[PDB]
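Since the structure of chain E is provided, determine the placement of chain K on it from the hints.
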Amino acid sequence: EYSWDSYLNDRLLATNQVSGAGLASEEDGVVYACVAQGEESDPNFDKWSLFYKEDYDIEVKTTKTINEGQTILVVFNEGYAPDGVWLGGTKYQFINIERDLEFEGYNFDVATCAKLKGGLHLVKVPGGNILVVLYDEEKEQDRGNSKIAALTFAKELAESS
Amino acid sequence: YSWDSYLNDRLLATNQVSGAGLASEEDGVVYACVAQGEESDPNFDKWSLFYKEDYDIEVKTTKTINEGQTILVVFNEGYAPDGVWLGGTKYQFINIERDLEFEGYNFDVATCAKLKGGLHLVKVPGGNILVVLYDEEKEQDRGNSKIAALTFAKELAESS
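Protein sequences appear in the order of chains E and K. For the record, in the first sequence the residue sitting at position 45 is 48 according to the deposited numbering, with numbers rising by one throughout. For the record, in the second sequence the residue sitting at position 141 is 145 according to the deposited numbering, with numbers rising by one throughout.
Incorrect hints may appear among the rest.
[Stated by the list, open to error] To spell it out: a stretch of chain E is covered by chain K in this simulated footprint if at least three of its residues, at any positions, have a beta carbon under 8 Å from a beta carbon of chain K; those stretches are:
1. 13-25
2. 57-65
3. 142-148
[Stated by the list, open to error] For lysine-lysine, the following DSS-like pairs were computed, each having C-alpha atoms within a straight-line distance of at most 25 Å:
4. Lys64/K / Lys67/E
5. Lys120/K / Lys64/E
6. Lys94/E / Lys64/E
7. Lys67/K / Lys67/E
8. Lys56/E / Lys94/K
9. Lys64/E / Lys67/K
10. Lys50/K / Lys94/E
11. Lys118/E / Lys50/K
12. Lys67/E / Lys94/K
13. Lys118/K / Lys64/E
14. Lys64/E / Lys56/K
15. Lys120/K / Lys56/E
Rather than coming from a laboratory, the hints here were simulated on the basis of the structure. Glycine included, each C-beta is placed from N, C-alpha and C at the ideal position.
Just chain E, same shape as in the assembly:
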């Protein structure tokens, strides 16, 4: 009637200088034995919740310095946005790009990005200009119609060269 749970309770947890204590194997690094101070607040208290938990996934944050304009050039030049397209401080997720899309006699590269309850279109037109179109789902508009709206105006710009 003496285990590890008893020994750490007597020589380490009894001082009430620790919240709990465990023993981890130098091999794998996982705790085989542990105690904690609980059961006074809640009888249904698992003290393994503190020392053990199976392999799960977590997010790691890095900081990168963004040039908003470059996020647009990289989309047409390279064909991706690893961090999304940034415009006016808002993050849009790069979804689709359709290269050499033919609309009424003219070719267009057109990209589509999404935000929460909205999104944007980017349309490369010749003469060296890019058309930017925003849409907002809260205003009963959508990407399909806004893309059509973008394409209709684009042809007009496309006529001037």
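Frame of chain E; chain K shown alone:
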């Protein structure tokens, strides 16, 4: 006739778009832009949506973590790049003291913190690692807990 006039007529008049701008293929910055407003709030800047000065932003990656490995990595490499993870809680790696002399025996002991608490890790010979938690809400602190951890560590070190 300006740009804001031309896009208001050919694009926002369609009320299928929320706003529109055009970016030069050179720098990629919008020189001209329009948006739809004047109904809720008259005093709004329509550039807030299209332009913004070079700033810094956060990028998220996903990692699959094994908590045991996060304890080993502290001793093997000497810091914890992702913090030390135990029982689902992230502790921020602060200090590691190698070959600390406590009453005749040497110890490698690391200290980690979370909000209002923390933990100590002590490698003792014979191949065990001692893990000690402390909670500031229970009037405990890192120093006293390290001493308690260190003194108990001494006992296991004797049994080897």
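Exercise for review: Verify the coverage statement for the stretch 57-65 of chain E against chain K, using a C-beta to C-beta distance below 8 Å and requiring 3 or more qualifying residues.
Suggested key: holds (count 8)
Practice item. Verify the proposed pairing of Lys64/E with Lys67/K, using a straight-line Cα cut of 25 Å. Key: Holds - the C-alpha atoms of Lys67/K and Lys64/E are around 11 Å apart, at most 25 Å.
Practice item. Compare the distance between the alpha carbons of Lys56/E and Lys94/K with 25 Å, and conclude whether the hinted pair is satisfied. Key: The hint holds at about 12 Å.
**Study point:** Check of the stretch 142-148 of chain E against chain K for coverage (Cβ-Cβ below 8 Å, three residues minimum)
**Key:** holds (count 3)
Practice item. Sort out whether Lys67/E lies within 25 Å of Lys67/K, counting only the CA atoms. Key: Measuring from Cα to Cα gives roughly 18 Å; hence the hint holds.
Review point. Quick one, are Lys67/E and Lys94/K close enough, alpha carbons at most 25 Å?
Key: The given pair, whose Cα atoms are some 23 Å apart, holds under the 25 Å limit.
Review point. When you check the alpha-carbon spacing of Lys50/K and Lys94/E, does it fall within 25 Å?
Key: 17 Å, holds
Check your understanding: Within a Cα-Cα threshold of 25 Å, do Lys118/K and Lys64/E meet the stated pairing?
Key -> 17 Å, holds
Check your understanding: Quick one, are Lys120/K and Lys56/E close enough, alpha carbons at most 25 Å?
Key -> 22 Å, holds
**Study point:** Coverage claim, chain K over the stretch 13-25 of chain E, checked by counting residues with Cβ within 8 Å (three needed)
**Key:** holds (count 10)
Check your understanding: Is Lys94/E close enough to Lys64/E, meaning Cα to Cα at most 25 Å?
Key -> Distance ~16 Å between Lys94/E and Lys64/E Cα, so the pair holds.
Check your understanding: Does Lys50/K lie within 25 Å of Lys118/E when you go C-alpha to C-alpha?
Key -> OK: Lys118/E and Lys50/K at ~18 Å, within 25 Å.
In the structure shown, no violation is registered for any of the earlier numbered hints.
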